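Model the placement of chains E, C and H on the given structure of chain D, informed by the hints.
Here's the letter readout for the chains.
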Amino acid sequence: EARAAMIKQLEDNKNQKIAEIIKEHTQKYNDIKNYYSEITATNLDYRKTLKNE
Amino acid sequence: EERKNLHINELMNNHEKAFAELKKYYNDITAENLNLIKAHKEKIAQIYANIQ
Amino acid sequence: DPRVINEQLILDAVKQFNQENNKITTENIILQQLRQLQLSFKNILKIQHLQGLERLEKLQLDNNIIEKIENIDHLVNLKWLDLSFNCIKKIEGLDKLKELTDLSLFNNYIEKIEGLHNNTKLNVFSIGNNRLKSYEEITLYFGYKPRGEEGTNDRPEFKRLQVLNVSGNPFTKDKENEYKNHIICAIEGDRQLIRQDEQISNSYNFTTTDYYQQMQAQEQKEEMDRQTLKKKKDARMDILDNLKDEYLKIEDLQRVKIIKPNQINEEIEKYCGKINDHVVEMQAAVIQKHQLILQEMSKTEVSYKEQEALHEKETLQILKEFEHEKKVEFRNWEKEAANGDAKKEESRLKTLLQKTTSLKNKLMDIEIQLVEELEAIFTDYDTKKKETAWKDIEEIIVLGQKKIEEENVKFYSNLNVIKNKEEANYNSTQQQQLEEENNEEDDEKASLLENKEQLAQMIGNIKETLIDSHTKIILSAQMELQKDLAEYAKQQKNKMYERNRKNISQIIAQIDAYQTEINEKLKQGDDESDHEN
Amino acid sequence: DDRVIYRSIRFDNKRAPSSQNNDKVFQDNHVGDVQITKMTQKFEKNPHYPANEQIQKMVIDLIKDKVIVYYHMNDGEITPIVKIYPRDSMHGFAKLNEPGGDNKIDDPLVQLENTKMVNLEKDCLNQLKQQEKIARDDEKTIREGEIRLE
Numbered sequence: 211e212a213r214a215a216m217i218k219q220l221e222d223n224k225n226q227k228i229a230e231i232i233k234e235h236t237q238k239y240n241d242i243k244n245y246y247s248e249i250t251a252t253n254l255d256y257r258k259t260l261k262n263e
Numbered sequence: 209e210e211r212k213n214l215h216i217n218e219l220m221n222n223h224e225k226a227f228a229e230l231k232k233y234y235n236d237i238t239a240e241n242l243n244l245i246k247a248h249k250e251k252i253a254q255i256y257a258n259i260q
Numbered sequence: 031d032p033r034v035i036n037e038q039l040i041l042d043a044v045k046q047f048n049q050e051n052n053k054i055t056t057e058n059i060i061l062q063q064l065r066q067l068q069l070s071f072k073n074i075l076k077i078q079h080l081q082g083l084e085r086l087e088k089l090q091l092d093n094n095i096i097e098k099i100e101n102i103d104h105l106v107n108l109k110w111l112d113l114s115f116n117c118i119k120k121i122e123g124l125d126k127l128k129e130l131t132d133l134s135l136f137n138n139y140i141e142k143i144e145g146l147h148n149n150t151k152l153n154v155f156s157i158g159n160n161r162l163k164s165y166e167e168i169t170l171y172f173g174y175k176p177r178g179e180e181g182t183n184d185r186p187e188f189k190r191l192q193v194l195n196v197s198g199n200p201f202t203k204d205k206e207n208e209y210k211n212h213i214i215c216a217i230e231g232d233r234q235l236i237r238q239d240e241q242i243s244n245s246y247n248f249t250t251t252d253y254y255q256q257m258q259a260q261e262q263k264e265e266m267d268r269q270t271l272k273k274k275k276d277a278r279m280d281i282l283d284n285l286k287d288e289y290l291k292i293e294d295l296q297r298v299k300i301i302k303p304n305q306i307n308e309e310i311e312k313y314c315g316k317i318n319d320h321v322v323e324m325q326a327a328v329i330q331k332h333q334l335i336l337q338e339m340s341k342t343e344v345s346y347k348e349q350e351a352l353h354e355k356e357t358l359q360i361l362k363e364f365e366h367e368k369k370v371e372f373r374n375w376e377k378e379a380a381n382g383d384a385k386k387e388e389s390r391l392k393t394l395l396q397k398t399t400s401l402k403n404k405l406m407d408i409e410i411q412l413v414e415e416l417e418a419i420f421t422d423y424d425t426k427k428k429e430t431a432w433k434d435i436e437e438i439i440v441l442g443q444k445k446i447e448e449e450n451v452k453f454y455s456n457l458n459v460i461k462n463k464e465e466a467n468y469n470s471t472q473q474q475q476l477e478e479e480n481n482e483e484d485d486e487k488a489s490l491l492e493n494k495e496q497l498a499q500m501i502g503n504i505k506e507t508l509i510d511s512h513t514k515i516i517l518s519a520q521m522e523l524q525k526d527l528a529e530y531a532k533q534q535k536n537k538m539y540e541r542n543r544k545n546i547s548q549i550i551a552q553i554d555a556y557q558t559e560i561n562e563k564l565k566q567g568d569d570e571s572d573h574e575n
Numbered sequence: 553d554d555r556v557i558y559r560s561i562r563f564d565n566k567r568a569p570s571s572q573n574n575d576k577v578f579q580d581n582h583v584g585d586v587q588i589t590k591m592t593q594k595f596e597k598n599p600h601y602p603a604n605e606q607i608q609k610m611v612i613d614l615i616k617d618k619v620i621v622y623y624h625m626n627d628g629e630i631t632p633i634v635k636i637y638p639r640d641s642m643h644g645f646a647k648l649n650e651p652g653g654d655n656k657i658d659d660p661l662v663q664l665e666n667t668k669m670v671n672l673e674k675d676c677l678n679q680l681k682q683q684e685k686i687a688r689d690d691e692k693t694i695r696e697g698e699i700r701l702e
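Chains D, E, C and H supply the protein sequences, listed in that same order.
Numbering of the first sequence is given in PDB author numbering, commencing with residue 211 and proceeding in unit increments.
Numbering of the second sequence is given in PDB author numbering, commencing with residue 209 and proceeding in unit increments.
FYI, in PDB author numbering the residues of the third sequence are 31 to 217, 230 to 575.
Numbering of the fourth sequence is given in PDB author numbering, commencing with residue 553 and proceeding in unit increments.
Looking at chain D on its own, in the form it has when it is part of the complex:
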């Protein structure tokens, strides 16, 4: 019983940390994507000057 409880709580901690890692990766991915989407959108829209020029 003690071993099962200890393994259960060990897994609880390990998988909670794994979930934290996954959530961190997902949110950082979203942030990088958004910032460089801003950059790329500016870059692309900054050519209608050329085309009207």
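Keep in mind that a hint or two might mislead.
[Unchecked claim] Partial chain D-side listing against chain E, Cβ under 10 Å, derived:
1. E221
2. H235
3. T236
4. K238
5. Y239
6. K243
7. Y246
8. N253
9. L254
[Unchecked claim] In silico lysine-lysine, DSSO-like type, Cα no more than 27 Å apart, as pairs:
10. D:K227 x C:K72
11. C:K565 x C:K535
12. H:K609 x C:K369
13. E:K212 x C:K203
14. C:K72 x C:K341
15. C:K525 x C:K274
By construction, these hints were calculated from the structure, which means they are not laboratory data.
All residues carry an ideal CB built from backbone N, CA and C; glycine is no exception.
Quick look at chains E, C and H alone, frame taken from chain D:
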């Protein structure tokens, strides 16, 4: 403990690979415009001077 | 900057650990009160600032860039250590981290089980997804070595190592279950399931059951050896262990050997044999008499325990009668407060206060009687042991010295006999041979044979040094045992005084408690008649 | 194992089975519904734990709204551990409506000991009830089984 650390590190390696992929992808698609536009404006000035 | 432990970083880590565990962050969480450390995913590279954290028993520093094991070896408390899945590449610092129980260096760059020969306490080992090439490193810790290798490890190292994982290593990915089978047969039901393997089982002959019996027999023999050595040291007799070696320290005997190395060497061998023998008998006799000392100390301590427990129960029951006496006292006092006879309430409570004074006197006298009992216990034990056991040790150590010096004497006599034979032979040869290749050994022999007094002085100084060193060692052993027995007597006296002081102070405390309870009841009775106006 | 080698419960037959205090109303095989007044669990002095830290004895006087816990004595001790704890709060009944009252309940230990004594009370009462049923069933079987011979 061993097995959970194995999975944790596999997961972080996957995350790092995905992040690096996205990094090169968006840098590559970010790296184009300003200089071409500078050249366009340079030749704009050249042209209009030729007309004057 | 790679994360290196500092005071502020430690403070932050403690903050976070307490936040996670719901632990009250006692503001003065001692910088040196650390047993469990966990610094994973900080990407630490080196270990530092662990002074005061030597009490660290469960260390967690895996999943980072660390590559070296350092500044944790002085943290010998580390039993459950994980430094795995990192840039680490070697096993070290655990030699003094022998207490290591659950060692993990998984997913690292280690290629050998090194430093764990001093981690033989490690029952649990993980070296997986490292860069190893063979499992035999772990089995070497079990008295198992590959055929054709000369090694001094005939005794298992990881005798208790039953947790063994190497999964994910280069060789562990190589032709699976080979290392499992061989390690298990040389070392968790997988262990027996793998012993079920037929052919790799044939690859070993020292079975796991044989390993069990070897471990059991070795434990028993080592217990016997420890007990015997403790017996001899309690006799304070092992100091004579160098008794026959005094000729080694005596240089003159080496020169004497020149006259007759063969006869003199054999005589010195016999001298060492006799010296060691007499040493053995005399030291062993002292062993037995100090064993008597130990048993009589045990009986005297048991007498201490029994007298103290008797007085324990005496005072306990006495205070129990006082307890129920005051129980009835206070029940009646309460029912009277329901009535209002504050005057007689106060009278009986002051009577109980005088009862408390009398009980203080009686229980102090009871503890005095217990102290007297135990002090007479000490006196009688000292009389019997010192006069019987200590004396007997005196006479038998003196007898050991006597036979030791006697053996010195007859060894000296035989050396002199060899000298006389050599001198006679040389003198006979001198009158019939005046030239033989000027040998150097014979030159020194003839030098002594001319300076008879030189060789005589050499052998006399041999005897002098032998007797002097033997007497010095024997007297040192006797003084050491005297100090041991006086030390035990002082220990018992200090124990008696400590129990006396604790009982005195706590009797003071309980007397104050009873007196304060009675004062509280008296004040209740007084102020119950104070509100009746 | 738990070291409570003795367990007692005082009753007040004077006290009818007051519906207000069910924990004081006990499953008595003999009297039926009567109001308990006292419980007690005597915890063996474990050599593995200190005498003064192990509860030597626990005394759940339901009426006193408190318990008296004694912690085992040590060698040379003549000062007994007579600690008295108000039961009014040990069951978490400490009402936070009181503004300004120091909330050591915030620090875990207050409610920790509160719930320790809550568990002691529940264990004592339920063990008493369960042993009452044990005796009831054993005697029922004994007095319901006919006389027979080997």
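Broken hints, by number: Going through the list in order, the structure violates hints 11 and 14 and respects the others.
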